[PDB]
Amino acid sequence: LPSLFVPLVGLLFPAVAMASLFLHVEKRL
Amino acid sequence: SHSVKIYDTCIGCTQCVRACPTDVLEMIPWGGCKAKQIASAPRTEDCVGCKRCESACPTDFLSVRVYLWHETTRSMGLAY
Amino acid sequence: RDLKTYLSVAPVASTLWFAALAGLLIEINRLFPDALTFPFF
Amino acid sequence: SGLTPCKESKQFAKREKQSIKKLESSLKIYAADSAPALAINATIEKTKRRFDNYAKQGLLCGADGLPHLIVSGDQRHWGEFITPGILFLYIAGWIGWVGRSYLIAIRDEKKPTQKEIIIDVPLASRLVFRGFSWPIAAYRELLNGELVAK
Amino acid sequence: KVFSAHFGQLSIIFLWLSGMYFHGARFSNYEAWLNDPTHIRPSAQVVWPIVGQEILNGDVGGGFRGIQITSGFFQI
Amino acid sequence: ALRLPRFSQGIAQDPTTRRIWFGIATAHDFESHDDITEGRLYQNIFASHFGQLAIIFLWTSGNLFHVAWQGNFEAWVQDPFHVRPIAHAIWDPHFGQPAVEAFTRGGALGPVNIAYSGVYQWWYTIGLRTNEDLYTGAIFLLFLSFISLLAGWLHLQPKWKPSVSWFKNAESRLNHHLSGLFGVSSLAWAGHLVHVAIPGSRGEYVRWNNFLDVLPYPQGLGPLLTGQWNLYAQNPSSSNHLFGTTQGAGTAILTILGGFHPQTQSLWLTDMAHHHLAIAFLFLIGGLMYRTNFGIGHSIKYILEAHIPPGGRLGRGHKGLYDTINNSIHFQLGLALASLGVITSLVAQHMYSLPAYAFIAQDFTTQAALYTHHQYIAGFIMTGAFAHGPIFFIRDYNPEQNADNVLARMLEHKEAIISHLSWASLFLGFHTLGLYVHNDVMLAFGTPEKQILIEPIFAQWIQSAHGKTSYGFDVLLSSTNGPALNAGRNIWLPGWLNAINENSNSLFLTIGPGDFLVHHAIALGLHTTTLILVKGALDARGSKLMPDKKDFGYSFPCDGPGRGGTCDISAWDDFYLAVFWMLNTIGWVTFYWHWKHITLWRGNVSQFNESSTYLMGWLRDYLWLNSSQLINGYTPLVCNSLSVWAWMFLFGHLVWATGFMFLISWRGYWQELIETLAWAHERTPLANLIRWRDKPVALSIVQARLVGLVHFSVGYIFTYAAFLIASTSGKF
Amino acid sequence: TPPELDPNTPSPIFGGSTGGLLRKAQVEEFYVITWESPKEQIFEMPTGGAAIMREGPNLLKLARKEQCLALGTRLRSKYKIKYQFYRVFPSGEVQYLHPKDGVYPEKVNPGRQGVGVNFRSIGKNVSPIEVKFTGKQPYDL
Amino acid sequence: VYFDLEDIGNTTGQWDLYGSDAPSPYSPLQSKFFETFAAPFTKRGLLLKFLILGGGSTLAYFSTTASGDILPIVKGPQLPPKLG
Ligand code: CLA
Ligand code: CLA
Ligand code: CLA
Ligand code: CLA
Ligand SMILES: CCCCCCCCCCCCCCCCCC(=O)OC[C@H](CO[C@@H]1O[C@H](CO)[C@H](O)[C@H](O)[C@H]1O)OC(=O)CCCCCCCCCCCCCCCCC
Ligand SMILES: CC1=C(/C=C/C(C)=C/C=C/C(C)=C/C=C/C=C(C)/C=C/C=C(C)/C=C/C2=C(C)CCCC2(C)C)C(C)(C)CCC1
Ligand code: SF4
Ligand code: SF4
Ligand SMILES: [Ca+2]
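Chains as they are written, first to last, in the authors' numbering: chain I, 4 to 32; chain C, 2 to 81; chain J, 2 to 42; chain F, 80 to 229; chain A, 77 to 152; chain B, 2 to 733; chain D, 71 to 211; chain H, 53 to 136.
The reader is advised that the hints may include incorrect statements.
What the hints assert, rightly or not - Cut-off 25 Å, straight-line C-alpha distance, at most; resulting in silico cross-link-like pairs (BS3-like, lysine-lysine): (1) B:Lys169 with D:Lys194; (2) J:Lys5 with F:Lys194; (3) D:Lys177 with C:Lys35; (4) D:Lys170 with C:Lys37; (5) D:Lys109 with D:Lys94.
Keep in mind the hints are simulated off the structure, nothing from the lab.
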């Protein structure tokens with residue numbers, strides 16, 4: 004049942020994305 | 002910080018300097034008017050941008066202008 | 002009292018004016034009601 | 080004019096009929112010799128008069144059964160739009176012209192605002208009837224109608 | 077200033093009360109309502125027959141045409 | 002640079018949370034970025050353009066993939082009238098058992114969404130028949146989306162970046178966009194029609210495997226080059242023709258019958274192939290007007306310089322206007338958006354009246370959706386057109402270089418323009434509302450005969466000129482002795498006259514006094530929104546209250562409380578104001594459209610004609626009436642398949658009202674509130690172990706209006722969409 | 071002329087307030103305002119409610135400066151007082167802010183030199199396009 | 053209470069208020085058990101990856117299921133308006 008791509012888009016991608024953005028945003032070169 | 006300029010249109014009334022809550026302007030000798038003085042913005046780093054200065058200018062058009070620029074802690078009026 | 006006349010002709014002048022207008026309009030309607038057209042030509 | 084004249088519209092007749100029956104229904108509770116009865120009978124007589132005039136003045140009606148107005152300019156219906164309108168523009172022009180006569184009388188004076196919040200009624204009464212011949216504003220237009228500075 | 081202003085306020089309230097009692101005397105069905113309070117609608121304002129407003133004088137009972145009031149004055 | 006956003010140093014040195022907020026809303030404003038040059042400006046845009054095309058190609062690729070994988074289509078092709086197209090499948094763990102039951106429709110195996118975009122009718126008309134066709138199409142767009150990214154990356158490389166003067170080569174681009182992008186594209190589209198689309202509507206399947214040894218026409222290209230093109234219109238499809246089959250099928254590939262195919266109620270495929278072929282000519286020849294490298298053509302500049310009416314009533318006319326536009330990308334975007342906004346509305350008003358897709362007219366929800374869709378898109382586009390216009394005046398407008406030309410004279414008499422727009426708005430407003438209220442009082446006093454119902458005879462006269470039998474009038478095409486009629490006699494007219502006088506279709510619908518009033522509302526909406534926008538544009542560089550409104554830019558919070566107070570005095574802020582009015586205008590337009598149509602589909606045009614003349618009628622007989630099945634999506638007793646629309650309906654109301662907070666309450670209140678919370682965090686044990694890296698502050702003055710407007714807009718759009726779809730699809 | 075220096079001088083009588091210094095004072099900056107009082111007096115605190123001036127030299131630490139001027143301005147009128155305020159920093163360096171040039175800013179002083187003044191006054195500034203792409207800004211000129 | 057440039061920290065109330073500073077109340081060995089068994093998660097970065105990849109796939113794994121709602125189930129579908 005491919006409909007299990009939903010969580011990946013639904014949650015995993017968002018979590019990774021958020022974490023990454025958060026890090027990039029708080030970075031101090 | 003914010004940007005604040007003065008123009009030879011100034012008449013030396015001195016009202017803005019009296020109006021400013023953070024001591025940004027001051028008066029300096031000049032010879033372009035009967036008052037013989039003109040405003041100056043030597044400490045624009047402490048300005049907040051409330052424009053109380055502008056609100057107090059009687060020139061036809063403001064002789065003191067405040068151009069809101071990059072925000073700093075000082076300009077954001079933060080006590081924290 | 003000059004002065005009383007002066008209180009008058011203020012925005013009380015508006016209400017006296019509009020009350021007169023309202024009256025006139027009302028009487029006209031009472032006299033000529035439901036008019037959707039000018040039929041005298 | 081895809082409509083039919085009201086005089087010969089069934090829907091227009093059904094409305095007059097239905098309206099009168101509604102008012103007559105109310106007539107029943109009050110009995111005869113009575114204040115409400117006379118009031119309702121007066122509305123009924125005012126109702127009949129209304130519909131009677133609309134038909135009488137050749138107003139078309141729509142499938143809805145209600146008159147509709149022709150504003151195209153057609154000669155049979157000037158009463159519908161054009162005649163009343165000219166009447167308006169006369170009055171509107173009157174009011175505006177008198178209002179502008181006052182400001183010019185007031186403008187070169189003392190504190191001009193003083194007579195804008197406290198009306199000079201002697202002056203106003205002097206200028207009100209000048210609006211009667213306001214379309215001779217046209218002749219001011221041939222010279223001093225509007226300011227040249229702008 | 078505020079003391080006389082209160083007199084001015086009271087004057088209005090008394091004038092306002094004067095009207096509600098008056099309208100309950102000239103333009104109301106209180107005497108009708110007094111016999112059959114459970115069915116007759118309390119009303120204390122009649123409208124002039126201009127421009128079509130008389131429709132607002134509805135069936136409030138008691139052989140009376142008017143506007144139903146919800147002030148509560150009849151029960152007072 | 003140092004940290005985000007590193008296209009702007011001064012904003013990265015912000016110690017507050019404002020740096021993040023503003024870092025996102027200025028990411029595309031390339032001109033305001035640090036160390037920007039004209040070179041990097043055109044290159045960034047050019048690259049973004051490929052990125053945009055890549056997303057578009059990818060987006061459509063998704064729709065194709067999902068319709069093929071989760072939609073019937075094939076089932077829909079056999080029964081267009083009696084099969085609901087499927088958008089895609091629903092997989093939601095939050096779904097209760099009932100919701101899964103209620104939603105599994107269209108003969109699917111599980112819960113699905115029903116498509117209302119109309120891609121089914123489009124692809125069926127286009128020639129697509131099976132899922133295999135859809136997949137290869139999806140592959141093709143996925144491919145096109147890749148080469149878009151690939152080309153965007155390529156021209157960002159130093160040895161492939163185009164110079165600025167290349168971007169400013171106007172005559173070359175126009176010669177190619179007219180001739181190639183418009184012409185050849187349209188020419189080749191008619192090719193698809195006569196090869197695949199038209200034969201597909203006649204039962205024969207022409208794909209890549211067999212489009213070479215198969216003729217689109219018996220005489221096969223002979224007559225085209227011969228000059229006797231008339232042969233391609235010799236034998237059109239019959240009046241008893243059935244779409245997709247040979248029953249009644251003709252041989253013609255290029256006709257001009259006019260009107261509709263009886264079965265599908267849509268424009269003839271042979272009418273549209275001809276249409277694009279004819280189009281491609283005026284475009285192909287049209288794209289040879291301007292000069293390039295062959296010693297022939299026009300200098301666009303020299304034309305503008307030459308167009309100065311003697312007696313100088315337009316001053317210096319259009320001189321210098323070439324560089325004014327070619328140097329300013331905002332002027333170009335403004336022109337682009339305005340033009341695009343108009344034909345976006347043109348699309349809306351033509352696709353409901355003259356359907357081009359088979360069996361699309363019968364689908365009422367799709368027809369309602371698509372119309373409302375484009376009218377809001379068009380509306381948003383129109384405000385943007387009037388936003389970059391102002392931006393142009395501030396950032397790119399050169400007063401000396403536009404001395405006394407038509408553009409300068411606009412600013413020169415700006416007060417006159419603004420005051421008359423104000424008069425027109427006031428005139429329309431005072432009377433349209435005036436007449437509506439008068440009629441409401443008559444209905445209130447129970448005397449509908451006293452209403453003011455003005456017949457729209459001007460527009461009725463137009464419809465008659467088109468050939469509508471109603472109203473009479475005996476106008477052109479409505480009169481037997483008319484030169485215009487006998488000229489088009491038995492070409493497009495029999496098809497046209499038949500269609501315009503069919504009582505089912507939306508081809509020039511009958512209009513009455515109720516149509517008169519709403520149109521003036523519409524007129525009111527247009528004039529006011531324009532009044533706001535052009536007052537914004539023409540005052541962008543200054544006013545009496547703020548002579549130097551330039552120097553401060555397009556968007557700034559204000560100019561303080563001095564000189565009376567100057568809130569919402571920036572050109573950005575009247576945009577902000579105008580969006581409200583444009584939302585109000587399009588709202589009136591779509592209310593008008595949807596009510597007129599649901600009453601038509603219901604066979605009850607009487608209800609619209611008698612209730613649209615007073616405003617209580619709109620509230621009661623349109624909004625209150627059609628909300629019945631919608632708000633019963635879920636119930637203390639059950640849930641329906643309309644439950645999602647009921648939920649979204651409230652969602653819209655919520656977002657809408659949430660925006661009222663940002664618009665009514667302003668910043669100083671929230672700043673003082675937050676600093677008391679700043680105190681709390683530091684003075685709370687266990688919690689002050691954790692410190693914020695960005696200083697918490699209230700949203701800025703402009704940011705508030707943006708956030709507020711977005712909520713207001715999102716709520717607006719989501720609320721009406723929930724109502725439009727549910728009330729329609731619940732009844733169909 | 072050299073500014074005054076401090077500091078070991080006492081501070082006024084207060085009971086405690088929530089408007090007081092925070093982490094910003096610890097890691098960014100904080101301010102001090104100082105004055106001479108003729109009598110032991112009561113005054114309204116900008117941050118808090120009410121405090122008692124102490125006769126003689128007085129020292130107050132406030133966050134933000136504006137608080138310093140607001141109190142100081144109040145000190146000048148209301149009661150006649152002479153005040154000064156400095157910027158502390160966290161390292162320990164201190165910076166004299168106001169008055170900063172002998173005399174107050176309202177009064178013209180000869181020592182002062184102008185900053186940010188444009189001799190072509192008016193709104194004779196150039197259009198934004200003119201400086202487009204030039205880091206400059208029209209007013210800066 | 054005080055104010056010395058010498059000691060700004062103390063001047064601006066930088067006090068470790070509720071800080072303990074006391075010795076460890078935890079019994080040893082217990083600490084050592086936790087110090088050797090929780091050690092892999094203390095490296096950072098790697099913990100971030102272990103939680104993403106681990107949490108991601110662990111989540112995926114519960115893809116598999118029954119009494120969630122994977123059953124439109126034997127229920128005669130309605131038409132249910134003009135039909136379809
Ligand atoms: C597309 C995004 C998405 C997805 C796939 C889900 C999925 C789910 N939600 Mg969530 N939710 C979302 C968005 C989403 N939600 C949003 C936007 C909101 C705000 C409105 C919520 C608010 C919400 C609430 C209040 C609840 C859910 C619940 C659920 C679960 C209900 C089904 C069930 O009972 O089975 C099984 C039930 C279980 C408890 C199985 C547990 C699943 C295991 C433990 C997963 C392991 C943890 C995971 C790996 C860690 C994440 C790692 C990752 C971030 C990298 C299901 C897992 C319910 C729930 O989870 O129950 C407590 C519930 O209470 N959702
Ligand atoms: C061809 C189309 C087009 C293009 C290329 C541009 C390009 C530009 N615009 Mg224009 N604009 C357009 C159309 C266009 N616009 C239209 C149609 C309108 C009317 C709505 C506007 C109104 C407008 C204004 C008022 C402004 C611009 C500005 C700009 C410039 C900066 C853009 C930026 O970085 O901000 C980045 C944008 C974002 C990060 C988007 C965030 C906010 C959006 C609206 C929220 C998203 C909607 C919402 C989340 C939907 C989800 C809801 C959910 C529940 C489903 C840039 C040159 C700005 C400018 O002049 O420069 C100073 C400026 O202030 N535009
Ligand atoms: C339903 C609410 C509402 C109404 C009625 C209006 C009405 C108007 N707007 Mg506003 N607008 C609104 C909401 C509304 N707007 C919202 C939410 C926004 C977003 C902030 C805006 C933003 C906006 C802008 C930027 C502009 C307007 C303008 C206008 C005027 C347009 C011209 C016109 O219609 O002439 C007709 C007048 C009306 C329809 C209102 C008159 C009301 C009655 C009928 C007057 C008669 C009074 C009657 C005697 C009763 C008296 C009561 C008694 C107590 C005295 C008009 C006054 C434009 C303008 O100023 O025009 C030049 C303008 O540029 N609007
Ligand atoms: C707590 C309530 C709740 C929650 C958590 C959900 C959650 C979901 N629903 Mg359900 N729904 C609900 C209530 C809820 N619903 C109710 C009451 C009804 C009526 C009965 C429905 C009816 C319904 C239907 C018909 C469908 C769903 C679907 C879905 C899934 C969407 C899958 C997806 O696109 O991925 C991700 C989400 C998105 C792509 C949309 C997010 C939009 C954002 C705001 C765009 C802006 C992002 C911005 C740029 C910031 C980016 C940052 C970020 C990347 C970190 C998701 C699991 C759909 C489904 O099954 O999937 C195929 C489906 O078709 N729902
Ligand atoms: C301020 C106070 C002091 C000022 C007063 C000083 C001036 C004093 C003058 C008073 C003199 C009174 C004159 C009496 C006149 C008679 C009145 C009369 O005849 O009754 C009204 C009469 C009709 O009257 C009818 O007469 C019939 C004849 O026997 C019967 O009597 C009927 O009963 C009666 O109804 O005519 C009208 O003028 C009514 C016509 C209405 C016109 C409306 C058409 C407009 C509607 C459509 C247009 C839409 C416009 C919108 C445009 C924008 C669209 C986008
Ligand atoms: C043949 C035909 C016809 C035709 C008509 C016509 C002729 C048309 C048209 C039309 C038109 C006539 C249109 C228009 C329009 C418009 C618009 C929509 C506008 C706009 C705009 C804008 C937005 C602007 C902006 C700007 C600014 C403001 C500044 C400067 C720059 C710019 C320019 C950008 C008819 C129907 C009769 C009949 C049938 C057929
Ligand atoms: S206030 Fe205005 S006028 Fe008075 S000095 Fe300052 S600038 Fe010159
Ligand atoms: S703006 Fe406020 S702070 Fe900046 S100078 Fe004018 S007065 Fe002083
Ligand atoms: Ca038709």
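Do the hints match the structure? See the list:
Between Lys169 of chain B and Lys194 of chain D the CA atoms are separated by roughly 31 Å; this puts the pair beyond 25 Å, and the hint is violated. Among the hinted pairs, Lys5 of chain J with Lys194 of chain F is consistent with the structure: their alpha-carbon atoms are about 16 Å apart, no more than 25 Å. For the hint pairing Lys177 of chain D with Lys35 of chain C, the CA-to-CA distance comes to about 15 Å; that is within 25 Å, so the pair holds. Between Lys170 of chain D and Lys37 of chain C the CA atoms are separated by roughly 22 Å; this keeps the pair inside 25 Å, and the hint holds.
Restraint check: the Cα-Cα separation between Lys109 of chain D and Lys94 of chain D comes to about 33 Å, which exceeds 25 Å; the hinted pair is violated.
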